[PDB]
Amino acid sequence: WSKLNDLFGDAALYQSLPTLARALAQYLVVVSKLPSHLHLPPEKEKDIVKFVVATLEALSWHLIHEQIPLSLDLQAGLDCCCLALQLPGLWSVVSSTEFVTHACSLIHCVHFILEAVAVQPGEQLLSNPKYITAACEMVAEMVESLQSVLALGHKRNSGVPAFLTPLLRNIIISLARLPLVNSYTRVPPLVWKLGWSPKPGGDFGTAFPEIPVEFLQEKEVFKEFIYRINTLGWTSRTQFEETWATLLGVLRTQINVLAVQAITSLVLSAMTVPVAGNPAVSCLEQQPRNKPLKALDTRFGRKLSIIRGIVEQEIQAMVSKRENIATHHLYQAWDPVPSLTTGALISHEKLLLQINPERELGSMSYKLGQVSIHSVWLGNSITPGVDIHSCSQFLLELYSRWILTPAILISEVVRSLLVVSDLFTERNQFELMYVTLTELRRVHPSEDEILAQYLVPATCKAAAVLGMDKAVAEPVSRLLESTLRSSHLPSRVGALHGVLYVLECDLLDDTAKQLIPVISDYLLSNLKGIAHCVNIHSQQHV
Amino acid sequence: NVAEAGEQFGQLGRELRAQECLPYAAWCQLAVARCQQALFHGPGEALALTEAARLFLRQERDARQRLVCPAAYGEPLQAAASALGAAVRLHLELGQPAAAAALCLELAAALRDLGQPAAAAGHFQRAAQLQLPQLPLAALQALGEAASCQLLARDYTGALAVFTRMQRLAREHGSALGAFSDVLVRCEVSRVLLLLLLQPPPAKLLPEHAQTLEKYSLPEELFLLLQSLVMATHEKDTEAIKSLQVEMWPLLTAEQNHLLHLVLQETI
Amino acid sequence: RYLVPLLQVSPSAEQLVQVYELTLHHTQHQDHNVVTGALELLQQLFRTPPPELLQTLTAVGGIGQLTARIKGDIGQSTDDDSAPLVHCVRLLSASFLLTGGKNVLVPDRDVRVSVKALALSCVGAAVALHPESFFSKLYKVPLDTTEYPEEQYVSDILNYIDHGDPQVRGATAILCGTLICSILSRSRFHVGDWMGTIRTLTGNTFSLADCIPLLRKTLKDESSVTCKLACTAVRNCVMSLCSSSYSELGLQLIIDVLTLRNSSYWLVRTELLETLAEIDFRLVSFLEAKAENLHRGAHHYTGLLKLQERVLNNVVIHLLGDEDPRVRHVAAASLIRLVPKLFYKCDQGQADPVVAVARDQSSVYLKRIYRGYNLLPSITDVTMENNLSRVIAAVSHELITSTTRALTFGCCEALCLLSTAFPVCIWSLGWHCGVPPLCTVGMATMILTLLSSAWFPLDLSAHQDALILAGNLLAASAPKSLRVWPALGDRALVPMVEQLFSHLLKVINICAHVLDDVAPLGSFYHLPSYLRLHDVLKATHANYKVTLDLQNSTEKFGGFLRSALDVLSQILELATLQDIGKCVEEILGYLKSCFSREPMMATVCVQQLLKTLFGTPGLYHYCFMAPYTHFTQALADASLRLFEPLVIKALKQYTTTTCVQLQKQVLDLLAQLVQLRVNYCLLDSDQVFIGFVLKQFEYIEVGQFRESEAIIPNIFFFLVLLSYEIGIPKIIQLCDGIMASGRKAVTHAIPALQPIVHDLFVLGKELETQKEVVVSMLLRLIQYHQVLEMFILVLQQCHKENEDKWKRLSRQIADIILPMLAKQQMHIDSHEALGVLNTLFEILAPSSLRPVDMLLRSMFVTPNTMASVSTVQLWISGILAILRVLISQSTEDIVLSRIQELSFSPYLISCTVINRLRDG
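Chains as they are written, first to last, in the numbering used here: chain A, 1 to 542; chain B, 1 to 268; chain C, 1 to 920.
If you are wondering where the hints come from, they were derived from the structure by calculation, not from laboratory data. Where hints are given, some of them may not hold.
[Stated by the list, open to error] Beta-carbon label-pair distances, calculated as ranges:
| # | chain 1 | residue 1 | chain 2 | residue 2 | range |
| --- | --- | --- | --- | --- | --- |
| 1 | B | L218 | A | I64 | 27 to 37 Å |
| 2 | C | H630 | B | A203 | 50 to 60 Å |
| 3 | B | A203 | A | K33 | 38 to 48 Å |
| 4 | B | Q227 | A | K46 | 46 to 56 Å |
| 5 | A | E504 | B | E188 | 53 to 63 Å |
| 6 | C | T404 | A | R237 | 44 to 54 Å |
[As the list claims (entries may be wrong)] Below, a list of computed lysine-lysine pairs in the DSBU-like style, where the Cα atoms sit at most 30 Å apart:
| # | chain 1 | residue 1 | chain 2 | residue 2 |
| --- | --- | --- | --- | --- |
| 7 | C | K345 | B | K215 |
| 8 | A | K155 | C | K220 |
| 9 | C | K306 | C | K220 |
| 10 | C | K220 | A | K130 |
| 11 | C | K306 | A | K155 |
| 12 | C | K765 | C | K805 |
| 13 | C | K220 | A | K193 |
| 14 | B | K242 | C | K345 |
| 15 | C | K345 | A | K155 |
| 16 | C | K217 | A | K130 |
| 17 | C | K306 | B | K242 |
| 18 | C | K217 | A | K193 |
| 19 | A | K3 | B | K242 |
| 20 | B | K242 | A | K50 |
| 21 | C | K695 | C | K652 |
| 22 | C | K805 | C | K771 |
| 23 | C | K290 | B | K242 |
| 24 | A | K155 | C | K341 |
Even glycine gets a Cβ: it sits at the ideal position worked out from N, Cα and C.
Kindly generate the complete structure, drawing on both the sequences and the hints.
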């Protein structure tokens, strides 16, 4: 450290490191939309991995000595670091055997900027050589904070100045996906108090095996393992089938409830349109059920597309929610609608008015309309790296023998089957879904209104991929009329998504489309009451 | 009978919380409230509807906080704000608008936790107008949590509307006392960091915004560094603005530390 | 062990030193039941010492003037050149817990760890008495340098932090607490100069830099019994460091207790908050501004180290929301102890944190309507109204924005203990939030919505504290609003009073149907909300009538019936005859059933109804310039009948009761039936009640009466007021018995005349003879400073009645008190006592003070002996109060012409004369 204060610690050399730090922030973003002349070179790829390490160590060196760096220079130096962990090129170099010192020094220096700001003096965050396991213990503490400390708007989040809770939430995820670290982070903290400590070996520090099933048989021990796997994602495809076998041996009813919900979240990280297993970079694919327009593509019509490109783009800088976007940059317009046998990604300016009105601007989550039945029929040609086809046949056998179980487990099994419905890939697979749900209603009582509002979304998305035929219309049309008369206001909302898929694509039967004036009459009554006041009644029912 | 029907549904809801299901003990609490509309129990009818509000917001700290599920999508977030719709309407008919605004500050402290900071802005202003006749210092702490929403929701122009309403009551009620003396320190350090962030034109610059910017172009440490920052952005001085964030970082809190970060970028 | 708590012919000073040598022989007499018996006796005689024994041990010679496993010359407790408490620490160590050769533990096999636990708590209670013992050598004559290489001091007592169990590492956690408490108070925070004198005398190297990291560690210990004993060590130790030169290390121990706020042992959390109630957070805010590395500390934090908002929002208000009924009650009493000690930034008084500490130490060293409300102009501190309005801001916020049952429930208990120490009527600008926007109605609109819910009254532990606090917030509007309910005069305030008076007649309606087993305006039948309140007052009344225990303060029905007759009283003052005229039928039926359970405050409900049925600044200001000018301004002024069933029942109780809280509220109910002229028909034929008051004077003089103190001011108000209709000849013969033949004066004889003198001097030939009698009795009693307030009343009537008679009487008490002030018979021991005597020489006539022959022979005197601070303290109060006369009442010219004639030599109290008195 004698050389590090004279060749590096100069106050003239320090000034460059936030001027060279805005430089690499804007260059790594456009990589997802540049041609191949403009990508970063493979020989100059090593020297951009080594320079994320060196500008984040000038940030920790002022907090010891002088003051904060500039706190815009807190913000320009941690944007060079959030993007090298999202690219497929720059992330692979940090994982290798040559960079054990450079991946364990971004853990000491992002725990030093998060502790010297959030942790007031006399606290903590929440309530082999030595440095590797001092880097391994460092990542376990930070992920339990995303519940409490770095959650946007918590009572504990009055201390972080809220331009880093976008920046420091995306960067604790992508460091525990390193193979230096990832094996320890999935172990929940109630295990290390108990007697589990095998030896690690992977030609690295910590290469622990996965947790055996016998520890997961306690609920407080089982609620903390499911947290480590969703916000962390997974890695190369060998590690995806490791978490699959641990949950099925769990399949006392307090642990039967919470592990049918853990199988929902593993399929959706095979449903993601980029890297598919990384909640750092990416989010769930959604499909527009609105077709592309006809009013464009003329000589006056090509002029229409340039003008409203400028208006919509600075809305999302003001109006929208940045669920996708960590950094502070302006033109981050990114919609994960794929093409479709999937293909490339469609940019935001090309899908100008495709996105359905059910969704807040840019907020990417599940909202019952991810895969529209337009996109079922042209990826799977049926019209009336993981083997994702493999995991969906095994789940049809399990949830039918439980239906055909306590009333707590009746409600949460119908809900796990509607989510995976994005991933059914065969006309053999959609036919088995509709059969199990109709034998329930005649047997299970009609007045179970938790169970009533998951199955009206479930029974209606089957008959859309299926033919909406005369033997299928009379069971599907009668069930939508009754639940709209129900007094349960979140039961009113699930039944209205089932109207759409029937109304969406199939040329509907002529007698059943005279029961669109059953659904046409409900819409007139509840707008005249929610014309003046919308603050009173609801938000996601309105 | 109908009196005896309500006592049977109460024994069922408590043996389920130790069984820890909680959409179904949450469905057990909405059955107690449907009986007391057949009879007329009044303020006890609103006690069955707000214990069903505590149980749909615990199903979603196990779906978006403890067990962060991408398949969690707000069926018990739609269920939480609908049992609280019938609760606020039944205090007003009996005529207690101070108890109607206690139940709407519970609905908006979840939506800031579940990551919906624009509709959290929202329900904080509903519970103030039910308190401005009654408690004008319980009403000014519901508008200080409304300025922490819109800066997460990035509503920097709607954030100037809610800061000039906090300061117009303390000159009617406080002149300052105390509890009202700390509400006015937070509102003349944060209306100055917004008018340099977004610098309004003289048409949409009110006669209340006109008064505070003549004084600059509250503690004696922090009053001196805020007259100096309105000068630099009118002089476009890149060396003046950089040495003040270094020397105003311990002074502010981290809600006021967010508004000073977005000025130094939009002038540099 | 039971009698030494009571020792604080008398038990002699040589009788108590025979007790003490008896035990040191018995800490050595071998047993395990006899060694443990004399070690609980020694831990308690240092904590509560008898004051005769306490001076013989701290003294240098000590026992030598009263007479005129261990293997070395300790030196017994007869030797001179060392205190006996220097001797008593050498003896209890080498026998129990230390070996004289090396820093080494003694094994638990030899001495039990029940016996090693009581020996660490006796070495700590003596350092608070004589702190020079802990730095001494273990053996006086050194022990055999052939066998042992080095000799050690008594600092190996502080190596028992690593020893095994709790209560040894926890009782060396408390041995470092009172070693730091009692060096700072011994040498007056001079840790620099006092440590130099010891090191050349006993050569140990033991600073206080090597004990606070031994005390920082036991706070982080594992066992929850080890953590209870280390946080009482910071109750003694962080008020002495933080104002000392080691206040770098003193602030760090404030920081670490804050991490101890969330440990799950309920005795660990309540001895935290007592060491966060005794903090002076105006002295604590001063050290933050001086720190630059301490704000960083560990891990190089950036920002301010905000102790005050973190110790007030995240402990004290936070520990109100705890699950235990034990933890919620102790956190309220700290917000009674925190509000005078806050220092929030930039008040319009104290500006700096330098100027903040200077105003709490200058007040120290430089100087009938109901109980709820006030009508004065209410002079108040401007900056003490600002600290009380920030503690009622964060407390009404965890009561409205709270999501738990436990936050709403134990924060209505923290608002009822503010209003009984910081009342709302006096501090209304702190309580004010909104309502009437200007004498305030603060925050009372939320709490009525708590009571009208059908959830919150169903538990009597905190429904009785929400009724005493809703009557304090509707009574502070009484100095403003008063000019249905026609006397309220503010229609935004009437629904708050319509509700509680509807709420307090339905809770005396459920206490009437419970004390009498009767099946269920004020009516709770048709409400289903108050049929839930009938099953909760019937669970607490089946445990009283079945379990006999009379002396309980907390009963939760006997505690709950006390709360809802106190606040039915305070509202009737706002009421009139027209509002109550349809309810005098109602409230009198309930009290006949509500009389037997609690009659002490069921006549306080009856005392008030009859009123309203019959109508009725920058550190130069603070330290000098503001107290210097209250001095010179008081010197220029020194140059100048439905009651008839209920009333008969209350008289049968006074003859047969014994609790003297009930005997005091019945002598005020009868002084109101004579002013409001109810004819003397309470005793229609006989004189039954007036014969019984004469017999009670027999039990006070002899002393056969238990609590005569709290009844003797109110016995004598009833008697003088009847004679305007027992006559004033007979009234003054009873008071002469108590004084000369009876107990002492400051409880019986001096409160006996405060009813007489105010009702005889203030309010023909028969009245002249009785005024000569009362002035002769006080001359026997001038010695007491409460008798000198009664005599400022006497001198102000003679200046109004007859100015020839005014100058005769100020000469008679001129030559009595000035012979007393030279022989120090005048009890001026209080600062309540010097304030009464200086308003006397203003009002005493200046003709009696015009010769300066008398004031100087009473001035220049020497007391008998100035050995004792009982006798040093009354000689310097005779010189300060006759010197307020030689400055105002007579100028400089008159005073010094006299001392040329009176040979008052300046060798009066000289350095040869002052030395022989302190010893003599």
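_Assuming the hint says 27 to 37 Å, is it satisfied by the Cβ distance from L218(B) to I64(A) or not?_
Holds, since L218(B) and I64(A) (Cβ atoms, about 32 Å apart) stay within the stated range.
_Taking the Cβ atom of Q227(B) and the Cβ atom of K46(A), is their distance within the range 46 to 56 Å?_
For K46(A) against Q227(B), whose Cβ atoms are near 50 Å apart, the range 46 to 56 Å holds.
*Verify the proposed pairing of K220(C) with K130(A), using a straight-line Cα cut of 30 Å.*
holds, 25 Å
*For the pair we were handed, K306(C) and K155(A), check the Cα-Cα distance against 30 Å.*
Distance ~17 Å between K306(C) and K155(A) Cα, so the pair holds.
*Do the alpha carbons of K155(A) and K220(C) lie within 30 Å of each other, as the hint requires?*
Holds, at about 27 Å.
*Assess, step by step, whether the Cα of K242(B) is no farther than 30 Å from the Cα of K345(C), and give holds or violated.*
Holds: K242(B) and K345(C) sit about 27 Å apart, inside 30 Å.
*When you check the alpha-carbon spacing of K217(C) and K193(A), does it fall within 30 Å?*
Satisfied, since the Cα-Cα distance of roughly 23 Å is no more than 30 Å.
*Is the gap between the beta carbons of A203(B) and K33(A) within 38 to 48 Å?*
Given about 39 Å between the Cβ atoms, the range holds.
*Quick one, are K345(C) and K215(B) close enough, alpha carbons at most 30 Å?*
Within the cut-off at roughly 22 Å; holds.
*CB-CB spacing for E188(B) and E504(A) relative to the 53 to 63 Å hint*: Given about 55 Å between the Cβ atoms, the range holds.
*Regarding the pair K345(C) and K155(A), is the alpha-carbon distance no greater than 30 Å?*
Distance of about 24 Å is within 30 Å: holds.
_Run the distance test for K290(C) versus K242(B): straight-line Cα separation, threshold 30 Å._
holds, 25 Å
Figure legend: structure checked against the earlier numbered hints; every hint is met.
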